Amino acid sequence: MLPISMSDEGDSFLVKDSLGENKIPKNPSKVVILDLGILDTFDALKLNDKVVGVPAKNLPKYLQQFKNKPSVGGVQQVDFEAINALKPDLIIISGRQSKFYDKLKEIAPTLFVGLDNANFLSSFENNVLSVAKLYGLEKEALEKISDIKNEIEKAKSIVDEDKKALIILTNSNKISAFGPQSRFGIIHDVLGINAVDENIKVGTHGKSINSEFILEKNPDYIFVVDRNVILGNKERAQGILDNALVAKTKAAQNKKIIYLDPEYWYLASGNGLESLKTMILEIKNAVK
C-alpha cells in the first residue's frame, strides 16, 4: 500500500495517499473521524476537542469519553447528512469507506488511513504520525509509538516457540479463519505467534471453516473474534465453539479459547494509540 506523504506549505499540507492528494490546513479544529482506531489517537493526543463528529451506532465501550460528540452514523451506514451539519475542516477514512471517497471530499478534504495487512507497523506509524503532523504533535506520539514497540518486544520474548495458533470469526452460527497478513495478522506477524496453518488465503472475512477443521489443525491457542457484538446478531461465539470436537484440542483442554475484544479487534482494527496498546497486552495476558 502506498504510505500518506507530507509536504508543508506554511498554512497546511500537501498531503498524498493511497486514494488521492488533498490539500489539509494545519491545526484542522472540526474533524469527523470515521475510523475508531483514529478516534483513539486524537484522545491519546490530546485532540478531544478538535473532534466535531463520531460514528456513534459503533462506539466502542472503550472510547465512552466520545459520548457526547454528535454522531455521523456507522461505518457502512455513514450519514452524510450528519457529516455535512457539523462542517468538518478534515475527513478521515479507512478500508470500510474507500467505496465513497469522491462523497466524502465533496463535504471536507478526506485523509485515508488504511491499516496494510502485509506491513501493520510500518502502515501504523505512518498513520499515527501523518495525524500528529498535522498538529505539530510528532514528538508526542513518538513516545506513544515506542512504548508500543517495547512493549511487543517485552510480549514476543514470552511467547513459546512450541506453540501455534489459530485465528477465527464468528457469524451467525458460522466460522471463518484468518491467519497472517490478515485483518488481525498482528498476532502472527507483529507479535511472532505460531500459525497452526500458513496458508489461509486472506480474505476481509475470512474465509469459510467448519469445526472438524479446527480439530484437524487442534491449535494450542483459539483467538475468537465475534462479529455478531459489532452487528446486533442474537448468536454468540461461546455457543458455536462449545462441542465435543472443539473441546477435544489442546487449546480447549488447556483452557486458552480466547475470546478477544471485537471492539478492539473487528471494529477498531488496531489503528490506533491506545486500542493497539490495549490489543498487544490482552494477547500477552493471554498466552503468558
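Positions refer to the first chain, counted from 1. Between two forms, the rigid core is defined as the largest C-alpha subset superposing within 1.5 Å. Compared with the form deposited in another entry:
The only C-alpha among 47, 230, 260, 59 that moves by 2 Å or more between these two forms, given a superposition on the rigid core, is that of 230.
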Given for the second form:
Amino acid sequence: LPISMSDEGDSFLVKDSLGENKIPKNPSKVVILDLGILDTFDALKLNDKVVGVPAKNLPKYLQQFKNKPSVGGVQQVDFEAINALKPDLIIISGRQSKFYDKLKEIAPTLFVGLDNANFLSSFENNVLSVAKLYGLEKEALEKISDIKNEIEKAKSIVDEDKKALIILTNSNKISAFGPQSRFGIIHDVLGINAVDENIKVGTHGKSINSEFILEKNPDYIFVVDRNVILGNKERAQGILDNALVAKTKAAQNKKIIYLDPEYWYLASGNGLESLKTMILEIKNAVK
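Structure of the form deposited in another entry, given the form deposited in one PDB entry:
Since only the chain itself is given, any partners or molecules it might have are not part of what comes next.
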C-alpha cells in the first residue's frame, strides 16, 4: 500500500501500510531510523529537522549525522532516548516495522517501506511523501528525475545475453538472491538477467555452494559480504577462492564484484544520493 496524504491544513492526514497518523506540516523534531530516508533529508537540505539517528551503525556516507543524539543501531532501538527527545515525527522502514506500536505511542510514525516487487514506485512515493511535508515537491521531483536518468544511462550498457548471480556471504555460508528480493534492483531496475529467476524466497535467500555457482556459470557474480558488517576475519574472496568458482566466466573475466555492504546490506535505497551511488556501482562494474 502506498503512502497517501490529505492536506488538512496545518497538518496532513497520512495513511500508509501500517496505519494512519496526523503529521504536522514542517515537522521540526524528527527521529529517523531508516538510513536511506536520512540521506534523502540531507539531499533536501532538511538536516536541521533531524534530532535522532541510529548513530551506532552509521555508514561512512552519513557522517554529517554522527553527532546527532543516538536512538540506537542498524537492529536495536533505544526507546528511552527517543522519548527524551520529544519528537514530532518518527520515520521507519521495513526493518523497524516490529517496533511500530511502541513508536506510535511516542509520536506520529511514518512508514517508508521499500516494496521489493515495485522498488521504483515505492522509492518515488517515499521521497515525495517526505518532500510534501515540507513543501519541497519541486526539489524532490528534480532529484528523482536525476536518478531516473542515471538508471537509463545504466540500463543502456547492460548486455542482453549475460547473466548475473547475487550472493550474500557469511563466514562459512553462501546464500543466493534473485529478482524481487532485497538486492533485486540489479535485476528488476537495471535489467541485468538472472542465472536463476526462480529462487523466489523471503529474507534468508537460498543456501548454495560452489558447485551451484559453477553449474550456473554466471557472467557476473555480485557479492554482498556480510563479514564486513560483522567484523569477522574471513572474507568473501576467501570463501570463493576455490577451483570450482575459478572456472566460472565471472572469475575468468574478473567480474566477481564486491558490492559495498553499507549500501546494499543496510538497504539505503530510499536515499536520493545513496540510490544513485548504488546504480553507479553496478553500471561501473558491468560497463
